[PDB]
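Kindly produce the complete structure, drawing on both the sequences and the hints.
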Amino acid sequence: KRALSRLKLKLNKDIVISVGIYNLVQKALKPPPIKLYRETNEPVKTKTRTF
Amino acid sequence: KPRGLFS
Amino acid sequence: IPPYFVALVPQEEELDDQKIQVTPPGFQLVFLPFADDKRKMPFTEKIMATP
Amino acid sequence: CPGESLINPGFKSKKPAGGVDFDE
Amino acid sequence: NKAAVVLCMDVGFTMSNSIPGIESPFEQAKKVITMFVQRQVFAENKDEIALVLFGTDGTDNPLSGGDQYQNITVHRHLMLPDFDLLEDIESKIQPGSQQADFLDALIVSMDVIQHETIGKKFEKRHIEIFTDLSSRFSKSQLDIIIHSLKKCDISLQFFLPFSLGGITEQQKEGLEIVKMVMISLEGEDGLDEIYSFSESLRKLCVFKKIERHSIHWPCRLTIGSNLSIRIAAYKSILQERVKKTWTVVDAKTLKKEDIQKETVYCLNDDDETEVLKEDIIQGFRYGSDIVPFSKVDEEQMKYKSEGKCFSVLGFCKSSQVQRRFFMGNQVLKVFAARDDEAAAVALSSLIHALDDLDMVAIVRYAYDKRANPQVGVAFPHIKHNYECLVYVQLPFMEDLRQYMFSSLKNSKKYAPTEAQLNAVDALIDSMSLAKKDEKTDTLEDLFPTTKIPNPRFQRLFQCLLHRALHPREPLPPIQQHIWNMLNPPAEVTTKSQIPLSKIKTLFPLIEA
DNA sequence: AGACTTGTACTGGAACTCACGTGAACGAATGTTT
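Chains as they are written, first to last, in the deposited numbering: chain R, 253 to 303; chain P, 293 to 299; chain D, 406 to 456; chain A, 180 to 203; chain S, 6 to 170, 196 to 542.
Keep in mind that the hints were calculated from the coordinates and are not lab data.
Beta carbons are placed, not taken as given, at the ideal position from N, Cα and C, and that holds for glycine.
Treat each hint with caution, since some may be false.
What the hints assert, rightly or not - Distance ranges between label pairs, derived from CB positions:
id: 1; chain 1: S; residue 1: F537; chain 2: R; residue 2: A255; range: 20 to 26 Å
id: 2; chain 1: R; residue 1: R301; chain 2: S; residue 2: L539; range: 48 to 54 Å
id: 3; chain 1: R; residue 1: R290; chain 2: S; residue 2: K291; range: 53 to 59 Å
id: 4; chain 1: R; residue 1: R301; chain 2: S; residue 2: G337; range: 36 to 42 Å
id: 5; chain 1: R; residue 1: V271; chain 2: S; residue 2: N415; range: 27 to 33 Å
id: 6; chain 1: R; residue 1: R290; chain 2: S; residue 2: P506; range: 51 to 57 Å
id: 7; chain 1: S; residue 1: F537; chain 2: R; residue 2: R258; range: 18 to 24 Å
id: 8; chain 1: D; residue 1: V427; chain 2: S; residue 2: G337; range: 32 to 38 Å
id: 9; chain 1: S; residue 1: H120; chain 2: D; residue 2: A412; range: 21 to 27 Å
id: 10; chain 1: S; residue 1: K439; chain 2: R; residue 2: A255; range: 19 to 25 Å
id: 11; chain 1: S; residue 1: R431; chain 2: D; residue 2: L420; range: 42 to 48 Å
id: 12; chain 1: S; residue 1: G337; chain 2: D; residue 2: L420; range: 39 to 45 Å
id: 13; chain 1: S; residue 1: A445; chain 2: R; residue 2: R301; range: 57 to 63 Å
To be verified - Straight-line Cα separation of at most 20 Å, EDC-like style, residue types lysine to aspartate or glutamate; simulated pairs:
id: 14; chain 1: P; residue 1: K293; chain 2: S; residue 2: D89
id: 15; chain 1: S; residue 1: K347; chain 2: A; residue 2: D202
id: 16; chain 1: S; residue 1: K443; chain 2: D; residue 2: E418
id: 17; chain 1: S; residue 1: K35; chain 2: S; residue 2: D89
id: 18; chain 1: A; residue 1: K193; chain 2: D; residue 2: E419
This is the structure:
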């Protein structure tokens with residue numbers, strides 16, 4: 253259990269009550285793949301840049 | 293039926 | 406993030422025979438489509454079916 | 180509490196997925 | 006697919022002479038045409054627009070003849086609208102000091118549209134008139150005008166500074207003439223097709239919505255291996271995004287060609303070796319280890335399915351399919367196949383049976399071969415005009431979250447008192463957003479959110495226009511009418527003023 | 001003196017979620033060829 257966010261419901265400019273938003277149905281995805289070195293079989297760090 | 297200048 | 410109109414529908418606690426919660430108490434946040442989130446459909450003649 | 184899973188405590192034990200079983 | 010619109014505008018001296026409070030017709034007409042041009046420019050529907058003015062000092066028309074067809078100039082020809090039109094409308098167009106016959110304006114508009122529409126498949130042909138109907142004129146050709154309008158099937162619209170449709199006799203004669211023209215062209219329905227300037231502004235203050243077209247998806251609804259109904263599916267409701275995206279461009283050259291994006295992978299060793307793209311194989315995580323799993327092997331072992339399935343796994347009572355379990359990012363409307371009476375009858379039979387029994391169909395859905403199969407619900411939707419099935423996705427076992435929350439009814443320290451309940455009842459009563467029709471027939475909605483355009487696109491288009499036309503100033507604030515449409519009627523707040531005060535007095539709210 | 005244990009506060013990274021972008025694939029319309 254974990255709150256997506258904690259927000260403030262404002263009935264007016266003065267009346268505010270704290271609430272928490274949860275998700276009771278979330279789509280299930282395959283765990284993300286991770287790149288691996290073919291030769292030594294150890295993870296490779298990736299980076300991106302522009303020029 | 294909105295048509296003419298409004299569509 | 407641009408605002409989205411939503412509706413909070415109340416939920417009533419419901420417990421099974423074994424006294425295990427299956428519907429927690431709170432509010433259900435349901436998103437309400439804007440005008441542009443709908444699409445127009447082609448016109449199809451209505452054909453009735455005999456009883 | 181009744182129905183608590185024996186593998187992951189604190190979570191409801193999911194009944195097996197039975198698919199479609201037509202009624203009498 | 007495309008429409009040719011000829012904006013006929015009066016620039017006579019009569020419009021200039023008006024009470025300043027009345028917002029003399031010149032400014033109103035300029036604003037209206039400007040707003041129309043913005044809407045068409047930022048809604049790329051490939052509609053062609055031309056501009057003709059009558060009442061100006063100069064004369065430039067295809068037909069000259071005698072004293073007739075004078076004081077009229079074709080400022081713009083049929084073409085795709087662009088920013089140049091906005092700039093010209095703002096400043097280039099200025100009032101004249103002559104008078105012209107709006108009938109001759111109609112004649113020249115007809116000539117221009119007929120001459121320029123050749124070679125293009127403009128299905129619609131609209132001509133708009135902006136005149137004060139305060140210029141002396143003679144009616145001697147209305148018969149042939151109406152005959153040409155009927156033969157060419159050209160729609161005509163009028164805009165006047167007034168609402169009825196306290197005026198002079200010339201204005202009354204002009205009103206009669208426009209009424210007779212509209213009646214002859216269309217009939218009784220044509221009486222209401224005359225829009226004042228303010229009425230037009232009330233509708234042209236919002237940028238046009240994003241109207242994408244949904245492509246029909248054909249398939250077969252199957253109940254077993256013997257029954258098959260040909261169906262076509264469309265996407266009814268979906269979250270809409272911007273058709274275009276920001277393109278990153280060089281700071282000084284302002285060219286897209288001058289930049290390039292690329293990614294490089296380097297090992298985790300100290301020397302920071304370089305490994306080419308062909309040297310990497312995808313692997314997954316299995317607890318505390320990593321399991322290599324090549325893409326080719328995954329394709330060999332991947333779950334293979336036969337695509338384009340709309341199959342009925344079963345039928346279930348509507349009560350069992352709750353609305354809080356709906357998943358996905360779309361709603362589908364399923365109709366019978368086009369030009370197929372038998373499919374229509376079959377689908378109508380199924381819809382009526384489900385409605386009578388109060389049932390829904392649990393179905394399996396796959397868009398194509400490579401789309402992951404889905405399990406969803408199709409339920410009937412019967413209306414006076416048309417009837418269709420509505421399909422929305424349903425959750426698998428993996429997508430359900432089992433969270434336990436403390437009860438609120440049985441909590442001892444959070445139980446509200448009777449006075450608090452009465453205060454909240456008063457608050458709910460005061461802030462009602464629906465009204466009964468004199469307790470006679472049905473309900474009416476006071477704040478219909480489904481008809482409110484998305485503020486994001488309005489803001490984006492405003493800022494884009496302001497940056498194009500004024501390339502130096504900062505982006506403006508948010509227009510006031512956007513905030514007005516995003517807030518409820520003032521009556522609700524007026525009624526809710528006091529109940530909220532009571533709520534503040536009763537509930538001891540304190541921030542920690 | 002010195003060394004370990006316990007309590008409080010802070011900061012960085014992991015994990016989860018949504019938005020946005022890119023890539024590949026496709027039915028229907030249109031143009032070209034025979």
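Tested hints:
| no. | hint | verdict |
| --- | --- | --- |
| 1 | S:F537 with R:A255: 20 to 26 Å | holds (23 Å) |
| 2 | R:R301 with S:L539: 48 to 54 Å | holds (51 Å) |
| 3 | R:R290 with S:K291: 53 to 59 Å | violated (25 Å) |
| 4 | R:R301 with S:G337: 36 to 42 Å | holds (40 Å) |
| 5 | R:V271 with S:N415: 27 to 33 Å | violated (41 Å) |
| 6 | R:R290 with S:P506: 51 to 57 Å | holds (55 Å) |
| 7 | S:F537 with R:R258: 18 to 24 Å | holds (20 Å) |
| 8 | D:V427 with S:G337: 32 to 38 Å | holds (36 Å) |
| 9 | S:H120 with D:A412: 21 to 27 Å | violated (55 Å) |
| 10 | S:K439 with R:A255: 19 to 25 Å | holds (22 Å) |
| 11 | S:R431 with D:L420: 42 to 48 Å | violated (18 Å) |
| 12 | S:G337 with D:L420: 39 to 45 Å | holds (43 Å) |
| 13 | S:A445 with R:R301: 57 to 63 Å | holds (60 Å) |
| 14 | P:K293 with S:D89 | violated (31 Å) |
| 15 | S:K347 with A:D202 | holds (13 Å) |
| 16 | S:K443 with D:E418 | holds (18 Å) |
| 17 | S:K35 with S:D89 | holds (15 Å) |
| 18 | A:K193 with D:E419 | holds (18 Å) |
In summary, the numbered hints that this structure violates are 3, 5, 9, 11 and 14.
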